[PDB]
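The form deposited without the DNA is given below as one chain in structure tokens.
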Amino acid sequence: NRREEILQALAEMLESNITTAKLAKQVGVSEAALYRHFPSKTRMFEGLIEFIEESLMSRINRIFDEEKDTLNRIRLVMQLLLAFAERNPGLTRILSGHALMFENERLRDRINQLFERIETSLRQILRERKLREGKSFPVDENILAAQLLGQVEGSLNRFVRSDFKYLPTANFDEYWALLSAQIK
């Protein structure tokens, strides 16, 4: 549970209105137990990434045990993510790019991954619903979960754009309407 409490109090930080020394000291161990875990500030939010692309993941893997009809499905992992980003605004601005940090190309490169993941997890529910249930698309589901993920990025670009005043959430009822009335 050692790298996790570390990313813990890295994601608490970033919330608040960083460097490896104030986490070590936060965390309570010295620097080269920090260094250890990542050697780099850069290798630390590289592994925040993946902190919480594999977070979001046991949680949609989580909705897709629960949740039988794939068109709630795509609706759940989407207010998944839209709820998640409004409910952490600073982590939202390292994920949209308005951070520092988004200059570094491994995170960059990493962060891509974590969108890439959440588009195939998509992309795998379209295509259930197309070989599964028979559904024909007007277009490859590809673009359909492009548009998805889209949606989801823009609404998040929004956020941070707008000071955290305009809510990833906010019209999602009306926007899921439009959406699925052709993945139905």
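Positions refer to the first chain, counted from 1. Rigid core (definition): largest C-alpha set, two forms, superposition within 1.5 Å. First, how it differs from the form deposited with the DNA bound.
Only one of 117, 62, 158, 130 has its Cα shifted by 2 Å or more between the two forms after fitting on the core, and that residue is 130. Residue 149 shows a C-alpha shift below 2 Å between the two forms [criterion: core-superposed Cα displacement of 2 Å]. Relative to the superposed rigid core, the position of the CA of residue 108 differs between the two forms by less than 2 Å.
Here residue 167 does not count as shifted, since its C-alpha moves by less than 2 Å between the two forms after the core is aligned.
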Given for the second form:
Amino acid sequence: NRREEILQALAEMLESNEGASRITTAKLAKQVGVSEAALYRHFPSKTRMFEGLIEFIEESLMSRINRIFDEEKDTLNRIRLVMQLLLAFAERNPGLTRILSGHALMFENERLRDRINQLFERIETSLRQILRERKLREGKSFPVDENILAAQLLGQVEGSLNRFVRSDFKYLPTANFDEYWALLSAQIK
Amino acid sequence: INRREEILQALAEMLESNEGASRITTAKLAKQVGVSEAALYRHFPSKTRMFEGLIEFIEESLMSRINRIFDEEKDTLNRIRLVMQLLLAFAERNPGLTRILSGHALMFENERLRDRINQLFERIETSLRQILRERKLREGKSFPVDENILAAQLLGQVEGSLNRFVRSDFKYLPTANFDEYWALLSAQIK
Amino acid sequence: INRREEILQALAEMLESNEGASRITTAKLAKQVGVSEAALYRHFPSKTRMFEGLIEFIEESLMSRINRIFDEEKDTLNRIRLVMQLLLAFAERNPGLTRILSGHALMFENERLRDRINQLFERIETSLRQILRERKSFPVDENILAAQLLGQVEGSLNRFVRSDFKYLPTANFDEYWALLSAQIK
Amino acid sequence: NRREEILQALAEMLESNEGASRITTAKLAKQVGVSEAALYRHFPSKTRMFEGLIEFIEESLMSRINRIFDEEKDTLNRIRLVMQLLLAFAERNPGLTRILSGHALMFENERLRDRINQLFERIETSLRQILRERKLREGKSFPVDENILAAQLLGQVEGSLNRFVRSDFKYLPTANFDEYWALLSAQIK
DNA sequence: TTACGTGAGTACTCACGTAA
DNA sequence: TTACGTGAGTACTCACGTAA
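What would the structure be for the form deposited with the DNA bound, rather than the form deposited without the DNA?
The complete assembly is shown below, putting the previous chain first.
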């Protein structure tokens, strides 16, 4: 549980207004209430601390993506749920969002970006999968090719999250989601 | 100035390389310009001002062409098309500056700078809101939702493409698939 | 304690040496302790705080000894003799710290520190002003005599510093006080 | 006049609040009106700039002191005059006073401070000389040794100078000089 | 786990060059 | 004399190291 106390505090730091700046191992140490070397007994480096946060984000998102594939069998509903999950997750975890948008990683090992790109590739592939199953489940397909649309949907989400982090979390992603979904539906249907 | 511009350029170039993902120290920048750190401060009071100048080029260059589009293109639908097609093309020809546009390169500098870029986006979205309201009130195009929701999605695709351009180390072109994207975004406002 | 006190000791030591006539950089101060520059910052947030640590010691030492003079010596003229003596003896026993009282060492540091030393002298002069009202002898003005007195002392501290610590502040104090006390009744 | 224009400028900055800190050549150039390369074709180093200021002070003061020996033949009056001359010069030159007390010399080459110690030595010798001539002139000497007395008199002056610069030029050196004198003569004579 | 600590860096400064 | 510098600092920071 100790190993989690660290990742949880690191997450709380990124959420606060301090998350906009470099989270020093000393400041992180003050949140956990332990010494600096007390952190380096669960994590070889600072980068492993982020690598663990990233894994968490991926775990939540992909798991829930799959749950939707089993729970819901209607194509449009599937896209709706995934779009909502992505924006809602970002809204409940502003600090983790700073890692998804890649701003918090600016101060860390530039290789962590590979994990971020692999996470996005999983979301995209998942999105693409849902769209492909339409002609089979409904007979109809989409105006644009599945790959293009998957990328288009993923782009709107990244853009939406970049604004969230940009505005200092003032611009909420899920606020007006219903009207937004109604817009996509009229576009995708 | 000659040497003054050599600085800004040196910066933009570094922002394009793989170093753009990490902090650009004055030591590294000085080397890239082939001068001493002191020479740097002779053209700029602080590292921040150096970035400001780049942002100044972005604000001017973008607001320049956006104004030209209004005096030239009058059709509300195509103006909206050219607006974002400009941002995507501008970012694609200025990879390094995109890191400023997405706000990643400005994490090592004064907050005040990021504000400068947030405003740049506020204005761009404000214009889109205008163009959409006119198309609705003058051409009676009954949208299935508020202009804010539409202008928000149009800006989302753009930022979505800027950030992904950065993620992939500039491998995924922001203008890629634009035409297809537009055929799905315009259908609800034609 | 162990290291925080060691640093303040190193700073005073350098302030006493020939290095005190020049800026005491952290690189150099760090070398005088046997540790790295980063090491200094674990006990002090700024170089300014290091100097405040010394200014506090100077204050605590001077003011507390002045309160002991009052409760031990009841004679007015002796009180005055003893206070001036304390100031000159303090500086003579602490060459480096005098470099601070004279204000030359603070030229390389935060302006607020010089503000502190002025505040300390006001205190000294005030307590010296109070004593002179216990009188008296020869049209005397408390406010004026107190300034002359603290002034004389201050002149002794600068002569001590600028003279590379050769002109001891307490030298000839007995003669100086002989002529003064006699004419001041 | 350019050489002098630099000296006045520097003198002026030493007289302002900036005098409390390092007077960079960059700023000295600004004040003068010319460039940094200009200031240097008139002065080899920055130390030559302060050296030329110590020279003004040295002559301003000794020439006056020698004139006193010649113009006044009463011992006490001779002492009164020199002490007044010293304090009066300081008061009229707040800037150069940051040099005499040595505070402004902390940013420059040590040599400059050894020269100041030479100046004070010439001053003290003057006093020590004026005092020795009392037995011959009046047949009476002082109740204290000429050395000790001289060192004490100059000390009062250095003290007044230190307070003047200290108080940001609020404590005037010539202030209440008359009271100090009334009590001094009373101690000697 | 805490005590005690540091190599490499980090934005910025200053008195003082030198070539045509 | 301009144009165009710079070697050596400066106070202060940080992720990660070593021994009890």
